[PDB]
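Novice: For reference, the chains in residue letters:
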Amino acid sequence: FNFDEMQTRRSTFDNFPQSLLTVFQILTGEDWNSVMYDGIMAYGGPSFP
Amino acid sequence: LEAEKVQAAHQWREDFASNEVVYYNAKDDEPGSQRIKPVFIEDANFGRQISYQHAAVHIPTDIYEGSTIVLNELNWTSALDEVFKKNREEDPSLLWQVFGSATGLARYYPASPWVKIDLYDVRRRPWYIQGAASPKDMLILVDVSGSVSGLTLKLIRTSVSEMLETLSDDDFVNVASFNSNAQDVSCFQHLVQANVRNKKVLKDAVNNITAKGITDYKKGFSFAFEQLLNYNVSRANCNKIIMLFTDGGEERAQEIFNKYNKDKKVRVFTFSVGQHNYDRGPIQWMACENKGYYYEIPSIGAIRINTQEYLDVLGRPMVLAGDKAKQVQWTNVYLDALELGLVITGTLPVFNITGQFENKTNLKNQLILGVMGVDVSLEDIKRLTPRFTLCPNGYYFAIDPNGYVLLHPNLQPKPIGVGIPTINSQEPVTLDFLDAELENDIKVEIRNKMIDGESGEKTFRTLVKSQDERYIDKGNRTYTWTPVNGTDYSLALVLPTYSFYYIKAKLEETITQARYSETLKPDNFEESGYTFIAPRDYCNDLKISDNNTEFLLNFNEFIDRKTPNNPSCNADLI
Amino acid sequence: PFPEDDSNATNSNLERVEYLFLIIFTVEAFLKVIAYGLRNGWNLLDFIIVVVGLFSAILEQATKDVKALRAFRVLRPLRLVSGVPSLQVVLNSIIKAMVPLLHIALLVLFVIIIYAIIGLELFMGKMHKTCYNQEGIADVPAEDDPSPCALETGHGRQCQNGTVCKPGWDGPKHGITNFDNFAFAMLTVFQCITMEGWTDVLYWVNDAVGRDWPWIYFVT
Amino acid sequence: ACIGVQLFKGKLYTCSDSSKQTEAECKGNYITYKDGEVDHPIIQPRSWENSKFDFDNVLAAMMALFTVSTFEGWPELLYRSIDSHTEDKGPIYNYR
Amino acid sequence: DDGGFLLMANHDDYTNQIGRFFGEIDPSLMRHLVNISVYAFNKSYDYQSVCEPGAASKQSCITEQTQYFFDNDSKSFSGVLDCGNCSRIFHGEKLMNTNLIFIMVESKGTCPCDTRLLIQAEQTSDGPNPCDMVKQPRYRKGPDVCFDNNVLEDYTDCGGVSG
Amino acid sequence: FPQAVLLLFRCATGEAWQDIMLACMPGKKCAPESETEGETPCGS
Amino acid sequence: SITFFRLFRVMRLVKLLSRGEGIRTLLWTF
Ligand SMILES: *[C@@H]1O[C@H](CO)[C@@H](O[C@@H]2O[C@H](CO)[C@@H](O[C@@H]3O[C@H](CO)[C@@H](O[C@@H]4O[C@H](CO)[C@@H](O)[C@H](O)[C@H]4NC(C)=O)[C@H](O)[C@H]3NC(C)=O)[C@H](O)[C@H]2NC(C)=O)[C@H](O)[C@H]1NC(C)=O
Ligand SMILES: *[C@@H]1O[C@H](CO)[C@@H](O[C@@H]2O[C@H](CO)[C@@H](O[C@@H]3O[C@H](CO)[C@@H](O)[C@H](O)[C@H]3NC(C)=O)[C@H](O)[C@H]2NC(C)=O)[C@H](O)[C@H]1NC(C)=O
Ligand SMILES: *[C@@H]1O[C@H](CO)[C@@H](O[C@@H]2O[C@H](CO)[C@@H](O)[C@H](O)[C@H]2NC(C)=O)[C@H](O)[C@H]1NC(C)=O
Ligand SMILES: *[C@@H]1O[C@H](CO)[C@@H](O[C@@H]2O[C@H](CO)[C@@H](O)[C@H](O)[C@H]2NC(C)=O)[C@H](O)[C@H]1NC(C)=O
Ligand SMILES: *[C@@H]1O[C@H](CO)[C@@H](O[C@@H]2O[C@H](CO)[C@@H](O)[C@H](O)[C@H]2NC(C)=O)[C@H](O)[C@H]1NC(C)=O
Ligand SMILES: [Ca+2]
Ligand SMILES: [Ca+2]
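Protein chains in written order, with our numbering: chain A, 1 to 49; chain B, 1 to 574; chain C, 1 to 220; chain D, 1 to 96; chain E, 1 to 163; chain F, 1 to 44; chain G, 1 to 30.
Honestly, the hints are just simulated from the structure, not real lab data. Treat the hints with care, as some may be off.
[Claimed, not checked] Ranges between beta-carbon positions, derived for each pair:
#1 E:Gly-54 with B:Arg-561: 33 to 43 Å
#2 B:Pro-564 with E:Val-34: 51 to 61 Å
#3 C:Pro-146 with A:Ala-42: 41 to 51 Å
#4 D:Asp-88 with C:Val-52: 47 to 57 Å
[Claimed, not checked] To give an idea of the chain A side of the interface with chain D (calculated C-beta under 10 Å), a few residues:
#5 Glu-5
#6 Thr-8
#7 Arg-10
#8 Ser-11
#9 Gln-18
#10 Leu-21
#11 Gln-25
#12 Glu-30
#13 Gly-44
[Claimed, not checked] Okay, derived cross-link-like pairs now, BS3-like style, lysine-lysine, Cα gap no bigger than 25 Å in a straight line:
#14 B:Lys-364 with D:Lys-20
#15 B:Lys-116 with D:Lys-34
#16 E:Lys-141 with B:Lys-458
#17 E:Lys-141 with B:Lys-449
All C-beta atoms in this analysis are idealised placements derived from N, C-alpha and C, irrespective of residue type, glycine included.
Let the sequences and hints guide you as you build the complete structure.
Specialist: In structure tokens form, the structure reads like this:
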């Protein structure tokens, strides 16, 4: 989750507590699509795999 | 001397409500500080409008005026205006006198308005850096491991480039890297001279690095401590400092520091770059245990201030030397920030000596208040070397220990080029002697003798380039040179043969002089040919405008009108 | 986890102790298999966990995606359920309630498919035109987060400035949110049906096409 | 809300640029670079502002906790409260 | 003339383009002339010049400059220009008490050969290479004053003692 | 009225209502269509 | 052109919902 953009992401999976916070935020359903977009761009992007 | 004494008798008043501070802040057309509207006459010796009644103050954009530190500087430096004015009394032909505070504000005299985006910071200027410390032997260690990939890698690339901008020619630099294995980021493989060209290679090479691998401080620091003990090449034999650009880690590499710099000859400055949760503990330990310092660079906006702050640490030995470390130094030929042309700047540091009567504080008294500076224009130096008594082929030229030309016919007021300019003047005009004219096996011998300082001469035959770069003609030349006594400059006079004698016109009668003037009448050109005149400095009353029609009109109407005595118009040229 | 193969001492120590854990689990599996020749639901999981762990370990030792294969490790905490029946019974009670909701799941799948196809018919690549202030396509000079626009003949949003609407744009969310094909449309419909950022899609469509028709789709 | 007031009483203030850690410092202008480009600087004023929803008093804490309990904008408040350092100061990345 | 610049010709089409380098109209003969040592040259770098930009408003650039001059004092020049499957023989005489040279060569159309053109102009470049230039740096002398490693230095403060 | 109904439906869904509350705070200018002291005295 | 009628082609798929007794009864009762 380290892109060139100036604003570093707060909801990442770097540590265990950070992963717990991100998973809880997804479970509450608040801004889960932003995390999904970051995860998609973490891999190749809007391609098949 | 006045800035030191005046600052000693300062009380550091906290607030400034009742007693204001008055000063002309530049680049303008809040409570706690007043303002001054000056007369701003238009004057010669400057291309702009100036005022002799006070000194102007430049405060950088990212520094807030009205803060306690700035408002105190604006008070005790207000006593410098009298010394600024009285200096010009003893030398009317005097250019900018500027005091650059370690706070960040410059107070220059005479007062003129500042010249888009204003990124001028006094502590980054070449004349300030050369007087704040001694030449160094920097060696930048860049951590290119995996953990720095992303944003914090682009922050290291920008920080290294801004770190190289604080180096000069006298300083020696090299950039390395380490990720489980140390290597050089470029082709230099040892310390280089850190001139304009060399820093372009290191800047381009540090932009091509990539982050991948495992961090290894033991191999990186072993590589750095080995490059600083080379002694096989030319170096500065002065301040040795290691600049570590990393984020964080877990190892202190205690065995390496206790092995290489057991006596602590090498300083280690450590930078922690980016937003991260890695441990900054070991990073702060290498700084304290190696006479270094620790800096945090979390964003682009913090790059400029942090990368220039390491000169505070290097200046501590200078202030402890007392008045021994107070010598006037002259910078390379650069372009003035106030649109004045090619200038060289004197330099003298200012110490903080509060409590020197009791000698008890010595806590912040080991930092310099700032650096003084007076600009000497190159056009003034050309005025001391008249060239109209010798051929067009003859000229003067002056060299400095690095080999660059302080004075030369081929030196021109535009920045020197590096590389090929492709698209998708904060650097000095450093032109070597061997690049100002055609190189030869005898020039290098002469150039070497001038650098160390010794008199002599040599008559020899070389091919010389024409004024237009289209022809080469071979002729005889004689170079005669002597070193300037006080300073470290060598002056030479390229005087060819067939010109050891010149025609000196002599006439004490007006009968011949009067009849020669009518030949230069613009209405008399048809019967005598179209006549031009060379716009030379016959006297300051005349004015040179380069159009050559008014000047010829001005010249002929001047010789008849002005009395033949010519009190302030040298008759040798006329 | 570090980016781009970085590591420290703790990661190496953990990768070393993973061998001890693997040998312990393999010994346990061998002992439990010599007792009887695995048919249990929760023992097959342990068996596949241990075999995938051995496969990943031998691949890591031999080749040196390898690392991606050890994502099976996260299934080991689940085995902690099987150890105590007190959690097992409550887990089975939780699972048994999923059977009645299969009809709801099928209904959701059908409505998602229908709405994805309808949105595919309606908004077919229309979210690809934005305003370019610079004379050319360089850095899409439209604020910080550009929005879709429409041409003069269109009914969408026209930037009444010195900029012009020009195609050649990846999309609103880096080209992820759009009805360009079936997969993208289905993902967008699901992200809207979870009621998280459906107004963003609605406003993007309201900018790419007119504002009067497409509210029916999202509201319904 | 009372517990939240005890925890973050005035700690959620921030300056426009992360360099300044107090209100006295947070004055004047500063330079920010567009899209993280070193060659594109812009002067912007320095502002000392509180959170959108803060825990200054009991009513503000109740408003913030209601907006949290509605699951709206709670990650931003959480990550801003994580950085809360000291009663009257600025934020430190992942302080607590 | 002394510099390889045209001043007169015969086809009356060169004479229209007067004051031009001979290498840009007859590269085959120009390259042969510098080989038979009639026209020396020294290549120099100008570090203060302006060049038009390129794909990757004039900025500073390093330009390589070439200047041509007579090699030797000999005045009688004769030889054959072997351009390949052809034969062109010329004679060159240098005017007395003048910096001019007169040459007599066969026509260009006799042989269908045309080598790359020789240009004497402000050719942009970026040399010399500094990777091997630092191996043998020019002699220089640094300042003799040094200030470091003083005993009374405090150094008790770093950026970590504060926090 | 349709836009107000859409905004209220958005708030009922709970999209960014905590932001519309702040965007409806006092201290806002309003449209030139509605007509001295009118700098930003419009918003309750 | 007009694309209102094209959507009708999709609607036939809803007939596939009237095949399972349980789901049809649940939907109708609700
Ligand atoms: C040359 O050296 C001399 C001494 O060697 C130096 O004079 C000293 O200057 C400092 C200012 O940097 C004075 O500091 C006093 O003590 C503290 C230091 O900050 C202040 O108290 C608070 O400090 C906090 C910082 O944590 C600050 O945020 C706060 O605003 C300060 N004020 C409060 C809370 O009211 C004092 O206010 C400050 N001033 C006093 C006590 O008047 C030293 O007192 C100075 N010492 C002497 C002997 O003069 C001088 O500045 C150096 N020259 C230059 C140009 O810096
Ligand atoms: C830093 O700021 C201080 C605050 O204004 C300045 O202090 C003032 O300097 C004035 C110039 O000398 C003083 O005026 C005279 O001071 C002598 C002292 O012996 C006396 O005659 C009188 O006090 C006064 N004369 C008058 C009023 O006719 C101020 O007294 C003095 N203090 C104030 C104004 O509170 C410093 O001068 C200033 N530093 C510098 C370098 O300018
Ligand atoms: C130059 O550096 C080398 C290695 O960095 C120093 O070590 C010498 O290396 C050369 C060839 O490898 C040999 O002379 C010896 O093997 C090494 N020792 C000595 C004393 O020469 C070398 O000392 C440095 N200086 C010189 C003048 O070579
Ligand atoms: C400038 O031109 C001269 C003449 O062409 C060149 O110097 C010659 O270099 C060759 C090298 O093989 C020598 O054999 C000649 O004796 C040199 N001629 C001289 C010194 O007159 C060279 O191109 C330039 N001279 C320099 C660089 O000193
Ligand atoms: C620079 O200073 C030196 C020494 O001060 C000068 O050397 C003088 O040289 C002349 C002739 O060689 C001697 O007659 C003098 O006796 C020397 N000076 C002394 C003090 O002994 C040198 O001339 C000075 N340079 C210039 C340009 O004047
Ligand atoms: Ca939401
Ligand atoms: Ca690392």
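Novice: State for each hint whether it applies.
Specialist: Hints, verified against the model:
With their beta carbons about 56 Å apart, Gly-54 of chain E and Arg-561 of chain B fall outside the hinted range of 33 to 43 Å. Taking the beta carbon of each, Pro-564 of chain B and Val-34 of chain E are about 58 Å apart, inside 51 to 61 Å as hinted. Taken as a hint, the range 41 to 51 Å is violated for the pair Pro-146 of chain C and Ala-42 of chain A, whose Cβ atoms sit roughly 22 Å apart. For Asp-88 of chain D and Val-52 of chain C, the hinted distance range of 47 to 57 Å is satisfied, since their beta carbons lie about 55 Å from each other.
With 10 Å as the threshold, the beta carbon of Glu-5 of chain A comes within range of chain D, its nearest partner Cβ sitting at about 7 Å, so the hint holds. Checking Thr-8 of chain A against chain D: minimum C-beta separation of about 9 Å stays under 10 Å; hint holds. Annotation: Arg-10 of chain A was flagged as interfacial toward chain D, and the flag holds, the nearest CB pair being 5 Å apart, inside 10 Å. A hinted interface residue such as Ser-11 of chain A counts as satisfied when its beta carbon comes closer than 10 Å to some beta carbon of chain D; here the least separation is about 6 Å, so the hint holds.
Checking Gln-18 of chain A against chain D: minimum C-beta separation of about 9 Å stays under 10 Å; hint holds. About 7 Å separates the beta-carbon of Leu-21 of chain A from the nearest beta-carbon of chain D, less than 10 Å, and the hint is met. At its closest, the beta carbon of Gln-25 of chain A sits 5 Å from a beta carbon of chain D; the interface hint therefore holds under the 10 Å criterion. The beta carbon of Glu-30 of chain A is positioned within 10 Å of a beta carbon in chain D (closest approach about 5 Å), and the interface hint is therefore held.
With its C-beta approaching chain D no nearer than about 23 Å, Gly-44 of chain A sits outside the 10 Å limit, and its interface hint is violated. Distance restraint check for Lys-364 of chain B and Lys-20 of chain D: the Cα-Cα separation of roughly 23 Å lies within the 25 Å cut-off, and the hinted pair is therefore satisfied. The hinted pair formed by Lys-116 of chain B and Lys-34 of chain D meets the criterion: a straight-line CA distance of about 15 Å does not exceed 25 Å. For the hint pairing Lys-141 of chain E with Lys-458 of chain B, the CA-to-CA distance comes to about 22 Å; that is within 25 Å, so the pair holds.
This hinted pair checks out: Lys-141 of chain E and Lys-449 of chain B have alpha carbons roughly 11 Å apart, not beyond 25 Å.
The structure fails to meet hints 1, 3 and 13 from the earlier list, while all remaining hints are met.
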